[PDB]
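Asks: For reference, the chains in residue letters:
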Amino acid sequence: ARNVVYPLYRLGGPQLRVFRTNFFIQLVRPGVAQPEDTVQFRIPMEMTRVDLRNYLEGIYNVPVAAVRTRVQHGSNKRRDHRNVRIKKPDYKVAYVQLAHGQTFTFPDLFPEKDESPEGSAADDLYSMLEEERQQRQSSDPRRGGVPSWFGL
Amino acid sequence: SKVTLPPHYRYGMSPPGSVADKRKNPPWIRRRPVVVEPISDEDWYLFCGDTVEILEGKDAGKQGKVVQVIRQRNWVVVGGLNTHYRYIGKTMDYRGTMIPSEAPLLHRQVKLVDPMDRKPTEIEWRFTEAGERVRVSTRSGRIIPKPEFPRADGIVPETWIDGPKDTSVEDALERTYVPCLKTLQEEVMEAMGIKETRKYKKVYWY
Amino acid sequence: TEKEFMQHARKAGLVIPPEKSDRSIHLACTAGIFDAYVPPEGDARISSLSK
Amino acid sequence: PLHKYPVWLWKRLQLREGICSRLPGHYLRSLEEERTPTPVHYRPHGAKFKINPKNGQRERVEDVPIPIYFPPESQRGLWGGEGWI
Amino acid sequence: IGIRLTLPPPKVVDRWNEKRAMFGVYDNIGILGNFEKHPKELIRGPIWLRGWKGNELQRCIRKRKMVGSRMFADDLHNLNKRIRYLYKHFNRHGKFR
Amino acid sequence: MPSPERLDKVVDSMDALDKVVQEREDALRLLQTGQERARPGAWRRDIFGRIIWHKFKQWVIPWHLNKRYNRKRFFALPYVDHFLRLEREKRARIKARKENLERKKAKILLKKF
Amino acid sequence: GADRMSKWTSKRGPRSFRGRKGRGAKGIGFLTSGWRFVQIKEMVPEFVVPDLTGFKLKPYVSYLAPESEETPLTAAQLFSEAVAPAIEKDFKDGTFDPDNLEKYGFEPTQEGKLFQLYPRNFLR
RNA sequence: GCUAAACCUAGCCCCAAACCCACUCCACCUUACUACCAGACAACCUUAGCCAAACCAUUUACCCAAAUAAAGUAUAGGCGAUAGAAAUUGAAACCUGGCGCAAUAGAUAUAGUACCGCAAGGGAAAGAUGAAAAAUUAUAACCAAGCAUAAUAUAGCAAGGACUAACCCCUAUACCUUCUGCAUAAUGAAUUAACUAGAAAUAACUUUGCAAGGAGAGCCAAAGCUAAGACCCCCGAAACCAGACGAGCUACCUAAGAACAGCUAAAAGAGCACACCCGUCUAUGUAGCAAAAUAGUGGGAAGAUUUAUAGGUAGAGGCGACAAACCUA
RNA sequence: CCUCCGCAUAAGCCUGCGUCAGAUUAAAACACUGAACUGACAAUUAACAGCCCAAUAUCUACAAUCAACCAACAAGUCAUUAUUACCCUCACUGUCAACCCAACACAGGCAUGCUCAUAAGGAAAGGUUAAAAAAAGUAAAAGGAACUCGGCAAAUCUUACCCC
RNA sequence: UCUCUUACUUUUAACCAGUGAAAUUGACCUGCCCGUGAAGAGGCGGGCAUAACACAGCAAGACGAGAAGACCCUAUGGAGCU
Ligand SMILES: [Mg+2]
Ligand SMILES: [Mg+2]
Ligand SMILES: [Mg+2]
Ligand SMILES: [Mg+2]
Ligand SMILES: [Mg+2]
Ligand SMILES: [Mg+2]
Ligand SMILES: [Mg+2]
Ligand SMILES: [Mg+2]
Ligand SMILES: [Mg+2]
Ligand SMILES: [Mg+2]
Ligand SMILES: [Mg+2]
Ligand SMILES: [Mg+2]
Ligand SMILES: [Mg+2]
Ligand SMILES: [Mg+2]
Ligand SMILES: [Mg+2]
Ligand SMILES: [Mg+2]
Ligand SMILES: [Mg+2]
Ligand SMILES: [Mg+2]
Ligand SMILES: [Mg+2]
Ligand SMILES: [Mg+2]
Ligand SMILES: [Mg+2]
Ligand SMILES: [Mg+2]
Ligand SMILES: [Mg+2]
Ligand SMILES: [Mg+2]
Ligand SMILES: [Mg+2]
Ligand SMILES: [Mg+2]
Ligand SMILES: [Mg+2]
Ligand SMILES: [Mg+2]
Ligand SMILES: [Mg+2]
Ligand SMILES: [Mg+2]
Ligand SMILES: [Mg+2]
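Protein chains in written order, with the entry's author numbering: chain U, 2 to 153; chain V, 11 to 216; chain d, 52 to 102; chain X, 2 to 86; chain i, 32 to 128; chain Y, 126 to 238; chain 9, 14 to 137.
There could be a bad hint or two in this list.
Heads up, simulated DSSO-like pairs for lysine-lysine below, C-alpha to C-alpha not over 27 angstroms straight-line [as the list claims (entries may be wrong)]: (1) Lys126 (chain 9) x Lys144 (chain Y); (2) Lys220 (chain Y) x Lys197 (chain Y); (3) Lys212 (chain V) x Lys192 (chain V); (4) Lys197 (chain Y) x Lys212 (chain V); (5) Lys134 (chain Y) x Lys93 (chain U).
Listing some non-contacts, in silico: residues in chain Y with all C-beta distances to chain U over 12 angstroms [said to hold, decoys possible]: (6) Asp143; (7) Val146; (8) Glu214.
If you are wondering where the hints come from, they were derived from the structure by calculation, not from laboratory data.
Ideal Cβ positions, reconstructed from N, Cα and C, are used throughout, including at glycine.
Work out the full structure: start from the sequences and follow the hints.
Replies: What follows is the structure in structure tokens.
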């Protein structure tokens, strides 16, 4: 857990057990090429390697082999309009490796939209837009500037 | 979602977090505040949905229905009544689709209308002795009910079907709470069969 | 000696009111026509009373 | 703007505010006593009026004390009523 | 250019106010209310100058005496420096000595 | 994002759950020991003369032979009374400006209407 | 001049300053003689998860569920729903003693048990 | 017609009244924002000086108990500049305001933020549409210096007398300040917009009111007393004192380190000579690459050498192979 | 064509020429699109280096310089035992860049290891003409200091004397 | 170095294209000789000269530009030292 005071361990004391944990992680697609078993996460700063091992081996039943973490420096170069710096936050990324020969590839979540429901609150206005655009674009270079509204 | 606005920020017929709202008043901008009628949250009578009557403007006397209230400037927009015209689809080679847009009216310029004889009427917040709080007409003495308007959730209750991750109604209300002097920690530690037998020693807090 | 210009603007209206709202635009017409009246071919030929 | 109470009364106001109010009252009297010491480093005047030379007209006379400084060694042991001048 | 292009909004003033209509009422109270009150007890102002005209040095000295035990710290220091400067001015510089 | 309100729904649902569990612990602590603030502390006055709520830090040895805790100074030492008075006057100036501006804004509203 | 305003993180000082700072992770052991780290298994937190197999309760609620008034739990309510029937019943039989309150769930001192409440032994 | 110009309103100032604030979870005296261990050290101290006495050496109001009066009296004082009481008298409880400022004004403030310095510390600038911007429309144009529309015409403080005509003709030694005296080749100024410099007493004059009495206690009075009007500038030093901040440059020292190719090595605070340190001479540069450089030419280069890191000595002083040298240009 | 540079470690800064989009504008001393940039996205993964040691007594005279002769002065840069206590193990941090101090994309300053000219790293010329003056070079008939305060500068190598 | 300078290259330089400063500026439609004048005149007196305007050089003058002379004197102005 984070932002919670840990009970200090006198020697020979009970096991430190956290019940409703406070850590939220993000599986994230890598930015460079990684081997087939490396699974890149994005974890809070107050999380250790052994906490990520027990987190993935307690909640998701993922067999984990090795864990390596690092701290990423968020950029602090953007100025505001009053020249005070805007801080992109630091975060901690972690690369777990699956244990028993399992592999992993990050999915494609977005492809591919196949949808055409009835449209009233947005697509009736789109139908009005498109039908006005299909009708009214009949300009003529042979009229030379005259308005094409009068039947005369 | 939860963004603090500048202390003198204009409210401008767009939602405050929109794209053209960030276009109109960016965080750089500082302009004169619009001094406005302070109105208590108990005396404000017209809500979003009831029929009203415009008293003055380009079209006085006609009735219509409000579609939005902007309480930070005492604004209402009646449906398609106090209108002007603007072209929506605009490019560098073509612009048409001239669509009417409404213009906001103050609460002083708008009167509520009773459904019995359909005239503009003054209102009083005559609280009912039978418990509830409702508006009451002054001149004719008829109760004006608050109209049913679809809520801001974007959802309707009656044709709602539970998804896979929506809990049922009967399991949302099942009382399993047996009140006891245990904490959650020792309760789930004895429910899960976990046994700890060694003691926590003395610790010095200062 | 450190100052820049202003006014980044754009000159094309767009479809913000469906980006989220609960007030839709109140139209007063439609786009085109329902089914076009095809006139008779000899309307000037039968431009008298009847036949 | 101005303070409501003068600056030299904030000590008595702090005595009337909080836990210092719950001290026993005779201690509060002994604290707010403010009595004058006996003269140590000067000779006090005898009378209240002292006819002076160069005009035989009686004048009022007061005796003002000396601002004597007591170091912490005076707190460690019994000095007189005397300290440094 | 200094001048304004459009003439300003019309400044309308109510001459039959509440304050303007009863101005000077209960003035002249001592003369024809058999001298129970002075007309200087009608003045509502700072506690030091209520019925007292004074100089600039005299106003500052009177304000330091009557109120300077309960002023703020920076205001008290500014009043001290003002009295020092005005003594130096009025008693050493000028014409007509 | 497909539906961004789902993340807000899970966040404030879990906050409701955390509030319920904390309410149960707080009521049980009031019934068993009669104390709020399960992190125990004490009002102390630090080196700058401010009054703070110092929270305790769960050490192993008692305080009188702690080498680090004995360098932290919890007292006033009277050269800070002047700066305390100056801060008090600064707060009073800010409150006076706020109240006077409220007076003026109400006068503007009664002017316009 | 050095950068005053940006906060003092672990990436900034010399080679001795790096390593002594840390980023907020609670340590799980101690350094021994030969610069070795000795992990203590009772200090690293053990996640206590339940079996969610036959569990019928979802991360969202149906909108068809009715509403009710909020009432935050108070210690008088917990006393009334927990101990008051037992004390009421065994007082009706005249066997109630004010001397021994420990048989109704009261604890005289928290020093004995594992989950002691006021110094807050348990984590979360 | 471009640059431009214009806006009211954020807020602020002076008073009255009233005594005023501070833990959501975690972290914060060690290198503050650091979960976690054995010498326990600890605060109490007359201000000084600029300045006036036309220098200056005793001296020179500033001190925290409401007003008015006694009274600027008794007193003190190189008896001089000036300082200055006391006995005594009494001091009508409640009202939310402005012949105050309006973006060069008013708090420095949109802000103690940007920016500068190692540090104490210093410290800004600005915004303007509309009922609707989910009305980007066509207006609204007119006004400082500066330019363009639209360069020039023999001769001359730039103009005046004029004239049928711009020039041609006759007359004419720019302004302020300092001066016996300035066109002086004596100072100040490119221009425009905004801002920027006469504060008060005793005694006299005039106008009312009352009158041997005047004044809303006190004070004056052999026509006086009370009230009002009217009247005494700004910027600029080298300096002095008090308290904080500085040895990351530099002067010296301490702790534990690092570097010095090659040849002759007489043995060596030795010789030639690299890397490195320093800077004898010349040339360029002088708003430069540089608020002390570049190129050539030079001295040292196994030592009293150079240098990486940390710490120490600070101004009535530190340090100094004494240059009155250095102590953040 | 130049290289008197470069690759790393330490110190310092903190995302500061990686991808996409904008390039209508904006800083490029001009432009392409990128060192004098806007928004979004993604990286630096420890074995390298930091972060250490349970006590009470007790012990520690024979430098380094290939350490082997010889020879020294300024006299030096490295060590344990006895008893008790002790059987858990790999947690945390730095890892990017064309970068630091000099108001700057500054012919200035910057500690160590490595190859002492390279396997690294870069471009003195925007285009045209061949005026005057100026600066840096190369060459010169005869004389060789006759110039100048002074052989200053340059060229060749160069003797003797005096003051301090 | 000089008698006594000369030739060539580069930088510089002139033109073309891009970006683009600084000191200075009372206003100028800004000539020569003699004399005068606060004693050294482009602006005064007497004569002479005189269509307008670019561009590159030189430094006789504008008592030329930067630094309220650093030399001399005064201040009942400072400071260091003996
Ligand atoms: Mg003097
Ligand atoms: Mg004088
Ligand atoms: Mg201002
Ligand atoms: Mg003009
Ligand atoms: Mg003429
Ligand atoms: Mg003359
Ligand atoms: Mg003069
Ligand atoms: Mg003269
Ligand atoms: Mg002149
Ligand atoms: Mg002069
Ligand atoms: Mg001048
Ligand atoms: Mg040093
Ligand atoms: Mg040697
Ligand atoms: Mg040598
Ligand atoms: Mg020396
Ligand atoms: Mg000497
Ligand atoms: Mg690297
Ligand atoms: Mg290469
Ligand atoms: Mg060229
Ligand atoms: Mg020759
Ligand atoms: Mg000669
Ligand atoms: Mg000669
Ligand atoms: Mg030579
Ligand atoms: Mg002459
Ligand atoms: Mg002249
Ligand atoms: Mg000159
Ligand atoms: Mg002078
Ligand atoms: Mg004299
Ligand atoms: Mg003198
Ligand atoms: Mg003096
Ligand atoms: Mg001195």
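Asks: So which of the earlier hints does this model not fit?
Replies: 2, 6, 7
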